[PDB]
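S.K.: Chain by chain, the residues:
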Amino acid sequence: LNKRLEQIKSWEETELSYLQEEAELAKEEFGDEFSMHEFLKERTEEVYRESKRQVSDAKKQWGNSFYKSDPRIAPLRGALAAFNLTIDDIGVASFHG
Amino acid sequence: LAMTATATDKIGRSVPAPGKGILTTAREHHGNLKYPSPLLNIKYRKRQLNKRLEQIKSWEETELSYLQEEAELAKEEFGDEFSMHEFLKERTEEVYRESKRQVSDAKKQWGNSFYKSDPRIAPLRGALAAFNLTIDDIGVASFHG
Amino acid sequence: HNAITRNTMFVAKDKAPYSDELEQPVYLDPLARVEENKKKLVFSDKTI
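Chains as they are written, first to last, in the entry's author numbering: chain R, 1451 to 1547; chain V, 1403 to 1547; chain D, 1693 to 1740.
Keep in mind that the hints were calculated from the coordinates and are not lab data.
Even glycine gets a Cβ: it sits at the ideal position worked out from N, Cα and C.
Heads up, a few of these hints could be off.
A few chain V residues that don't get close to chain D, going by computed Cβ distances all over 12 Å [unchecked claim]:
#, residue
1, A1404
2, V1417
3, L1451
4, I1458
5, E1474
6, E1479
7, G1481
8, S1506
Part of the chain D face toward chain V, derived, beta carbon under 7 Å [said to hold, decoys possible]:
#, residue
9, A1708
10, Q1716
11, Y1719
12, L1720
Only chain R is shown next, with the shape it has when bound in the complex:
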């Protein structure tokens, strides 16, 4: 997760850097009404939301839902291992009874 988050941070940086080059492209492709400030604001918000979703995806892949694909990790064991609890850590069973 740490290396993936480093990748996502680099991805933010490259996107924000590319945004200036994309603004010049849109500056000529949207007429004289183009606002540099407004374009940068909308697209920076978009980049921030996209990278937030990337970070959430990484945390869901490695923290929350790392056991969805793995068949050697049962749903119960994997759900507990999300919180770093073992099979032994279920103390009580509320039986239907």
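Dock chains V and D against chain R, hints included.
M.R.: Here is chains V and D on its own, set in the frame of chain R:
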């Protein structure tokens, strides 16, 4: 099945009274539309997905390379019963499944579910834009009627 | 404590947070958030 949703209406005192609660399937923000959202554009998402897939391929290569150093670590930490072949086989299968999951998640983020977070992309528009269909591409509406 | 003393635990809502005019505009804006007004949490056209 591109999209599906359920909804309630509002305060009321008439259960059989229908309402406009399902109108939220078309919800999006329209405060400032001076520029198109890049996420609705297919090729932008395609190049994002391509670079993510390149990253995942590099991740696979680095993991398979590291597996040799990890096996040597486990060779001393698991006794003389350690089998290099068996360790490599299980761990290679694990790396392959992890890589498949990363590829699937990248395709889910950029192809299938790129509109989960974006409030400027409605559920309907985003569901269609997954298949590169516009709002105009719904030809028929099967009304409750 | 107030609810137990006064039998006012359940307060039925007579009106939705949005008026009939702002019902669908709120439905169609995922960023529409209720705000406080006269101590009541209601939707206003300012946030739509």
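S.K.: Now tell me if each hint is right for this structure.
M.R.: Verification of the supplied hints:
{"no.": "1", "hint": "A1404", "in the structure": "holds (19 Å)"}
{"no.": "2", "hint": "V1417", "in the structure": "holds (15 Å)"}
{"no.": "3", "hint": "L1451", "in the structure": "holds (25 Å)"}
{"no.": "4", "hint": "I1458", "in the structure": "holds (31 Å)"}
{"no.": "5", "hint": "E1474", "in the structure": "holds (53 Å)"}
{"no.": "6", "hint": "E1479", "in the structure": "holds (52 Å)"}
{"no.": "7", "hint": "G1481", "in the structure": "holds (58 Å)"}
{"no.": "8", "hint": "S1506", "in the structure": "holds (27 Å)"}
{"no.": "9", "hint": "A1708", "in the structure": "holds (4 Å)"}
{"no.": "10", "hint": "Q1716", "in the structure": "holds (6 Å)"}
{"no.": "11", "hint": "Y1719", "in the structure": "holds (4 Å)"}
{"no.": "12", "hint": "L1720", "in the structure": "holds (5 Å)"}
The structure fails none of the hints (numbered hints given earlier).
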